[PDB]
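There are 8 protein chains.
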Amino acid sequence: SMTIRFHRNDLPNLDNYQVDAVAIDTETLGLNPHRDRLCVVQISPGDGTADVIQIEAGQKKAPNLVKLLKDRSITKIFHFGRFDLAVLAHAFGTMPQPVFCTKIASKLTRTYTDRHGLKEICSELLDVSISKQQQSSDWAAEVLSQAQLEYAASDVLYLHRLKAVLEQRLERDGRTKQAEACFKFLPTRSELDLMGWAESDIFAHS
Amino acid sequence: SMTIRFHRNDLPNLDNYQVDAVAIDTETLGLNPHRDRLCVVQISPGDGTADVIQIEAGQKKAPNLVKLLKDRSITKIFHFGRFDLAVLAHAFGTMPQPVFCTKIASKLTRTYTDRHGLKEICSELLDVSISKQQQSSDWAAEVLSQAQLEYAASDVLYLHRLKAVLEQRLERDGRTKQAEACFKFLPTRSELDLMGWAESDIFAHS
Amino acid sequence: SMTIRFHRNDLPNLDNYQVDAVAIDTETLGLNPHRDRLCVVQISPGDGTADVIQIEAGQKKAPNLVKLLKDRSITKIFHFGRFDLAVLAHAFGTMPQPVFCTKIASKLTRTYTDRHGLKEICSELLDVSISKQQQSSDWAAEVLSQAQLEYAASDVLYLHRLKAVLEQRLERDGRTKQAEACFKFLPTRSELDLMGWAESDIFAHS
Amino acid sequence: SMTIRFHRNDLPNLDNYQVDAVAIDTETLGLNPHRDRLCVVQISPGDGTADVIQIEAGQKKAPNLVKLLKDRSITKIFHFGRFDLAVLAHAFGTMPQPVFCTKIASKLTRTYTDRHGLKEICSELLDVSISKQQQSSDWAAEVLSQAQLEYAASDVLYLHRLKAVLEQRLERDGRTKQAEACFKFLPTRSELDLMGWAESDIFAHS
Amino acid sequence: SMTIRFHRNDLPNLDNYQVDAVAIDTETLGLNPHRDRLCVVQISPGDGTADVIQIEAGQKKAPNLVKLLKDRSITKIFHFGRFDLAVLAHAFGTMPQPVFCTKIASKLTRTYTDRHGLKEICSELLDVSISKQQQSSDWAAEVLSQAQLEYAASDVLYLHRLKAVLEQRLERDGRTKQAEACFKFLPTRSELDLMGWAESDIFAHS
Amino acid sequence: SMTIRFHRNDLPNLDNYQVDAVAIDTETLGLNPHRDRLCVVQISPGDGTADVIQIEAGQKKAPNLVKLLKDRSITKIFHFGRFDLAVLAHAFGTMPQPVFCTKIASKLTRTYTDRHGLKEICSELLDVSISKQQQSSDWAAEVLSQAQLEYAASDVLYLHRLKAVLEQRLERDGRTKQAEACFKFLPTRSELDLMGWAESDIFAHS
Amino acid sequence: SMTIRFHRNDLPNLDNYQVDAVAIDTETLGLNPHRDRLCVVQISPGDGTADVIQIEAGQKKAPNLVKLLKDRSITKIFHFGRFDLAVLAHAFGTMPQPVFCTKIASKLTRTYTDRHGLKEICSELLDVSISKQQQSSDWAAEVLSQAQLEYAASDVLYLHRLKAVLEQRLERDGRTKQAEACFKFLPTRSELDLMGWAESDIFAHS
Amino acid sequence: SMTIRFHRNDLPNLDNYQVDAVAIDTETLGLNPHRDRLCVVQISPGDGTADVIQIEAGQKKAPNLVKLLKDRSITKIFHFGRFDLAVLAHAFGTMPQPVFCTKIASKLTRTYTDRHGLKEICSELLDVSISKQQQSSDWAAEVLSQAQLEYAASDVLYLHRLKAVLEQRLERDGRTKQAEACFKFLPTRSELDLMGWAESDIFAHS
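Residue numbers (the deposited numbering), protein chains in the order written: chain A, 0 to 205; chain B, 0 to 205; chain C, 0 to 205; chain D, 0 to 205; chain E, 0 to 205; chain F, 0 to 205; chain G, 0 to 205; chain H, 0 to 205.
All clues given are correct.
For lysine-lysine, the following DSSO-like pairs were computed, each having C-alpha atoms within a straight-line distance of at most 30 angstroms:
1. H:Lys-66 - F:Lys-176
2. C:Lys-162 - D:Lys-176
3. A:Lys-66 - B:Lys-176
4. E:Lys-59 - D:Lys-60
5. E:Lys-59 - E:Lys-69
Calculated directly from the structure, the hints in this document are not laboratory data.
From just these sequences and the hints, can you work out the full model?
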């Protein structure tokens, strides 16, 4: 569609990515990055369109996407980037940075709730209703459905709007600096997950 | 004694602190920094001596100690600094930095155990036996005992040796960079505790 | 509307408050009184109308409201006042007293259920249906919605009726004196929460 | 012995009780006041002696002891009075008041520990070592042993000293008024236990 | 109605109770028999009608009902009689016997499910749909509603049919003798609850 | 019906079972094989039809079914065979082998979900909707309903299709050999359950 | 020794068993009666001697012992008979009755403790110290050690004394009738364990 | 010593390994095989001697040891081999087989205990006392102590004796065939741990 562009392996070029921030999510075969391969990278430049990239089994390279991940002048926006950063670094060898995580930002601003999921925060902060996929999905299937493409695009089409509102909320309640320090540490948090500390809060007493 | 110098309120001067790193621990009336006041700051320059500083109720200033806390050329070493950093910042208004935490370093190197306490790590890494205080102590008492001074000094007399060994272990097992990123975030972790997130892992999914 | 009067900062006068009891609830940015500021005070004189007062960030005074909180001849009615008392005392410096808590009264009379929420008790005791807000709300927003005003008013429009029924039930089942002693202690329970015992039952053995 | 006077049923007179405060503990057949009868009342006037009173099965009266329990000019000191107050009220029909509870006072002062037992607090605050009975005891036996008398006396011989130190600590750390309000509520807390709320914190949200 | 007869205090006579078994349930102010008084006794002779008896506060006698409870030639049927037996014995002084409990019988026959409630078993075994009361009810109210009378009658109108089917099932699967021994012990189980063992399985190892 | 053939005791012949694999499920009186007898064996040759066999109380033999269970050239397919294998071996004396378990295969392929039930996997992998029985069923009843026959047939009508898809998925993700080893062990896992280890993971450390 | 007589298979005669009560315990290969065979029966006539009987694998008969188990004029005393009754009935086909259980009696009298083990109760009630075996024992070994014989005898040498004291305590505290009803049900409790309800309190609500 | 031979990297030859079974244990930097490298392999031919082999960081080959691991005519004995098999396969690329696990064998024979550790089973089955290392050990240190060598040797010096006794016990209690099937599956259990199922019982229902 005009909203969703589908690609195999990689972005074909970076013509749509002359931007200062990109929105990213991924799909995998599960929550264990060492067992469960990367299957889809979905990315948006923030212009109301999304690119959905099917990643093949054994695929080691994605040079155009990786240029964006490495580019320190482009902020990579995620809603809970802790997992996606680990998956992307494990797949292609680059830990993306710098980052903004709308879930960490939500935890530091939406102090009146424990519901920090994407659907809930988009409804509350943006008045945008995104549908949540209910059945489980084999994201490694050779053929992805239009419904799958739409679900993947919905994960990234609104993160720039969400970041804009959350930045205002962080400033209003006085937590911009702490959020930024969390974003600076997040790539290390993801590295530590890959290294074997995924089940440990490294800052806990015991 | 020759090993332990006792002071009221503050260090009398910084003559013993022409160093690149200091070792710090604190004593309080309990684990709630907003309720339980700072009572003692114990600090060592790493030369086999320690200064034990009694902090009065309502004391807002400690200018010589605070110079060290602010000095970015001096690394502040703690064994679990997450609590002490919050207590010190709350008492005197300065978040100490930069820091090295031997407990975080232990968690990243001593992967074969869940025992990361000071007594255990000093025995294993330094062949130094420190006695652990068994009974509870009112650290806000007007008069501190020699036993209390000795317990407080034992917390700081060995942290430079511990840091030296842990740096070697971090290099051997390939985790120096991740440890350093943890140390850079730790002051923010302590700020977040004071701000109201003491019971939350900010990086957890939910 | 005729039922709901909206105000900034404070009641404009006490013309509507020549009464022996007032009904109060609050809205905040969350459940931590030290982190999460007071945002709204909703209050009713018991005449079927409510005042909804928007509290600004950093607001230290609300003299007309505070006159009511201090007035020992006016009983302050809450449904679970433990939290609101702490929030009000923290915001304006006065611990409201005396108080009547319809949730404590419910626990001492409705011995056949564990459901002591406002909606449930209003339905059972008053045959009044109040709608419960389902989505989370930023009560610190500059502009409050009519729906928010209606939710806040619903919290206080029925507490006088609820107190009247619960007083009858307390007398019927013989627990008036014990309830009154609970109400006398409740301001101290709220003070202890602010002081650092919010997670502790002070009367428990261990 | 000169330290311990043994009596059947009641104090023989109040000659030793021309005092402003008495220290009390009890022994029963267990922790359920409705099932497990009162067996012993131990009481001290604070002069370094104790009276140990054996209570018979079915005993409904103890007039000299009850005079002390009713006397509003005599403070009844307990270490955790919540249980003893319920047992005494159930046995003889009078809820003792006013009271001072050294365990509540410990919880409000000894903020650095979770160990609030009598042996621990006597060691820390008084430098007094009391032996703790290790084996279980049938306190309803017709014949009580000297060891049992000594254990019972040890529960009351030091509560006046403990109260004196805890009052100083409450003043030092600013919690005298809150402690006093807890002491005023404690008789109601015990009544509520007898009434059927022994397993419920009446002040909890849910 | 023709199905439901309402009475104050007691059955007016035993004309409808020339039977070998009666079906009984009760309503109280809650689950604590010592705190929560008996409010309603509902009873059926098994002929498709029910008597609903309102019990007053402080009522110590119900001679016609009690004749049935004492009559050893009449089996008292309950669905979970453990509670009702305790409540009835506490109210009127007679422990009813002999008994048949359809919930114990269900546990010994319906080995394929953990759902042993009255509504579920009536649907499965009898093809009878009974409506379950959803809101909480003050059964001590002076005036009981027709809905309350219908709920109470539904508890007893089908227990004879249920017992007939469960007896067949007990015989089919070979557990009649064990069920009967459970029924013989059940009055003691209820006595032990009143005596202070309500929270203990007396047959457990620890 | 043409889809479902009903039999008492055993298959009447093996005319429909000249196949290399059969699909099996069972119904019992519950989850304890020593207490809860086998009641129904449902089996399909994979041709879109099913045989539902009612097993009598005390039935020790089923020679035609048992020929299939013993035939090493016929793979017995189950969705979670651990229970059915134990039940069948206990009833007729033969541990069926070899086996394919679609639930183990699901756990080794559907790494993105914890929902491995038959209804969920048939929907996802086969686009087949099977209805799940909601009420509990006495499968030992003399007369089985058509609904019961349809539920039992639905358990086996699709396992050949499910196995075909799961074999493809096991090959795609590289786990065929591990799945096969699990299938070889499964009969022993079921034997160990019958022997007294039903609640123990024999491979766990402790 | 003079205190302990060892036998293979069975008592050689009943010359020592012309008594009204016997004390019994057993040893097995574990706590699962269906998996773990009976290995030893230890029995005392109450005269300060014990018989220790080694039971062979596959042994189905023990006629002299079984005469005692069946004899309704002989009370079988156990400390926690729930397990031994199941083991004995499973081994030889007779459920022993009538019984007295000193552990149930302890639970109904020693209301001040949760420690109802044999060693603890013998110390408290009898002033008898029995040594507890610390290492695990293969009770199915062909050759039993003298230490094993002494441990087994210690289980039965004191149960008559224990029963005598517990009967006095049951009378003193008014629970003789309830204890007797528990003893009458206990054989059924053991039957229900063998039947498949070992992990269920049959009298619980859910 | 004569009992313990130390080697770097690998066995120097297989002169001592002309045997049908070898006993193996390992030391690592922790319990995560992907993070925590293999540090020591200890192995015994069963002749009362042991070889302790220090494995270097990054060591990919150990050809003499690997010959033994691959040799299908040599049974590899472990006490809990699930972990060691994963570690060895991950280090050198060969999954050792066939295997005998004395911990699985203990679980299938020592049905009277939950203590299946090496020290406990050696004491009970062999009357051999092995000392357990109490402090934590950095097994990756360049220099291993004699105490470390002795601890490592103690893990393997007795496994042949243990296997001999456990084989007798498996035969006595009738579980040889089930144990053998467990041993055949164990290499797959270890593979599944490496593949990402270390925290899942693959045979559980859910």
